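Engineer: Below, each chain spelled out in residue letters.
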Amino acid sequence: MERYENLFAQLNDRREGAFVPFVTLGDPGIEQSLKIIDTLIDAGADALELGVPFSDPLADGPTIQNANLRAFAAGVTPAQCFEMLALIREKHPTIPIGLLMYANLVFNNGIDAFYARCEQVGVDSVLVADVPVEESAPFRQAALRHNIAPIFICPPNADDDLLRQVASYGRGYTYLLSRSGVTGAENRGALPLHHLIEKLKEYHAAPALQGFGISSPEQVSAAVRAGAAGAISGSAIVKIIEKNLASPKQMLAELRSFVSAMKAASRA
Amino acid sequence: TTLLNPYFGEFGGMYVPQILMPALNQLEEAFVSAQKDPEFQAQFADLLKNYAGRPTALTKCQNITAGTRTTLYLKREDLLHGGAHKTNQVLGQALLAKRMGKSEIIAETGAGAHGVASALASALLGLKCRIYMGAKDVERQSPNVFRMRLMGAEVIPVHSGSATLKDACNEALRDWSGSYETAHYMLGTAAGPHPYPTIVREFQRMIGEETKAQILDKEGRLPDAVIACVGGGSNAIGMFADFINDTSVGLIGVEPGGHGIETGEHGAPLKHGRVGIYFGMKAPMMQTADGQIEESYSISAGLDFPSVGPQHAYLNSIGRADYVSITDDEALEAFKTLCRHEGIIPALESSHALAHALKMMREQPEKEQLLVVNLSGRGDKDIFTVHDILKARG
Ligand SMILES: O=P(O)(O)OCCNS(=O)(=O)c1ccc(OC(F)(F)F)cc1
Ligand SMILES: *Cc1c(COP(=O)(O)O)cnc(C)c1O
Ligand SMILES: [Cl-]
Ligand SMILES: [Cl-]
Ligand SMILES: [Cl-]
Ligand SMILES: [Cs+]
Ligand SMILES: [Cs+]
Ligand SMILES: [Cs+]
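In order, the protein sequence lines correspond to chains A and B.
The first sequence: position 27 = 27 (the UniProt record's numbering), numbered continuously.
One rule links them: number in the UniProt record's numbering = place in the second sequence (from 1) + 1.
These are computed hints drawn from the structure, not numbers from a lab.
Please note that a few of the clues may not be correct.
Facing chain B, a subset of chain A residues (Cβ under 10 Å, in silico) [stated by the list, open to error]: (1) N6; (2) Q10; (3) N12; (4) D60; (5) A73; (6) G75; (7) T77; (8) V121; (9) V131; (10) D159; (11) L163; (12) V166; (13) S168; (14) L177.
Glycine included, every Cβ here is placed at the ideal spot set by N, Cα and C.
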């Protein structure tokens, strides 16, 4: 499939940016997570980034560390996550679905078999957080053999050689890191990324999505204004889950409001 | 691209987030430069000699081998400042930090031995030190925690995941991901992403260099085998390195067998785990069927690393080194034996290496063999642990 290509073409036609939420699959449980995800889409999410609970999420700050822990407290396994992913795709045919993985979960039972499973359930991309471009060859090869986009990270200080590598090897979208450090809404990226965005376009990279620390509408509008195709927000979404564990109904209402506002900021 | 090979055969690599790759490349460059720099070498030698007390003794243990054809020496890393071999590589990493113009140190610790070693080196050399320690380890290693604080280090409890060593390893890497411009991550074993396995080996190799010189002086020949316990692999690779090209010398690494391999409650991933990717490396590790990282169990808290350095996995694969396991009960017997017959209290970590040597002797008492055990640390810290078992046992 070409779900990212089709989304970005449609968004270009509307001169809109993409708004892409992240959540952990199965946080705070399987049924509520499926409802959360349906809410995100109904409220305006253009694509999804979905984490499989992992014991050692070393690129994540406390908010997402705690999301992983809630899913484990509910007994969530990678197999159950793949069941979830099949159902999400069965409900929603065109939305791009990306996974956020750590290397061991991909390598565990064989790299090729992991990507074949992704293809079977209808995933569109995989970002492996602890595999740099230097170690990417067997992951990117397996991804492409199975019609999965391998997502590469472009750090805010990427040199020319790295930009060229990310542009060549990546598909779907290019992940434009806001800053150093780990995920979290408490730290906002304060480096101008417009020069990276321009150099990526020069090298015909996959369209850029800015992520890390995006928690407000003005940041989404700013990402689009700088030349990015859109923005990803994780901790801010997960915070609403964490805040509202005691009230599943109010949790969905608050998620809807947030996503709606963030998506609105993407239109202009 | 790198200056040095990040792999030992299939094992090792640099499995870190992209943001950390410049940090690893900078460290590798600084290390390669330092290794060519006579001034760096002289500063390191000075600290090792005048501060840490190298060379360490090689003790012939005549009482424990009486009536057999085994000759047993102990390489006395227990006599190094701090009472364990970890001091060697912390001093060298602290000098690398300085070389790069860094003024801050981050370290992980489980039982606390690496935390104390990091704090002492930082005190001596004027670096500000912060140490991550799993909340569960903090609660149970009060003495080490107090030492780190006495030495001016900040100790930061980690409550995420399982609140033990692997979680402290994660927290150190998270911190470094945001602070690498000013802080050096002082990794505590011969594991993690390149260039750490290589650097830690090179900054521990004086163990084996000294052992070789000492055994040639005292016996006129090389050992038949050198035997070392394996947590993450630093003391063992430190002993093994200078003998790798001496094909006649056996290299035996001893993983903790805990309650018994069959029980699942052990810390022997090299022989009884599965290859995975975690903590920056491709290596055998303790993991569930679906790939979640698990804990290592041992009576000895210092053998709690749930994986093993990639060079050990490599040396095993090619048959250059052999790896075995020793149970809690075997380690405890070796501890008691050394105390009573040689007047040395060994670390329970080191007791695993001694236990295997004692087995080599006892199983085949008329086999002529010259053995060296790396006595990686002293066992003062372990007397309460041993107290509690010997009492509950009767
Ligand atoms: O809004 P925030 O600050 O929580 O950021 C959300 C991030 N979620 S994600 O899946 O895009 C994501 C992307 C990359 C990550 O690490 C890596 F860069 F090393 F690869 C981790 C998570
Ligand atoms: C830390 C420690 C060990 C285990 O670590 P390695 O990296 O495997 O050497 C063994 N013995 C002692 C005394 C230790 O302090
Ligand atoms: Cl491309
Ligand atoms: Cl010589
Ligand atoms: Cl013989
Ligand atoms: Cs390789
Ligand atoms: Cs003897
Ligand atoms: Cs171990």
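Engineer: Determine for every hint whether it applies to the structure shown.
Structural biologist: Consistency of the hints with the structure:
{"no.": "1", "hint": "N6", "in the structure": "violated, 28 Å"}
{"no.": "2", "hint": "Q10", "in the structure": "violated, 29 Å"}
{"no.": "3", "hint": "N12", "in the structure": "violated, 27 Å"}
{"no.": "4", "hint": "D60", "in the structure": "holds, 8 Å"}
{"no.": "5", "hint": "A73", "in the structure": "violated, 12 Å"}
{"no.": "6", "hint": "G75", "in the structure": "violated, 12 Å"}
{"no.": "7", "hint": "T77", "in the structure": "holds, 6 Å"}
{"no.": "8", "hint": "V121", "in the structure": "violated, 16 Å"}
{"no.": "9", "hint": "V131", "in the structure": "holds, 6 Å"}
{"no.": "10", "hint": "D159", "in the structure": "holds, 9 Å"}
{"no.": "11", "hint": "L163", "in the structure": "violated, 12 Å"}
{"no.": "12", "hint": "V166", "in the structure": "holds, 9 Å"}
{"no.": "13", "hint": "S168", "in the structure": "violated, 15 Å"}
{"no.": "14", "hint": "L177", "in the structure": "holds, 7 Å"}
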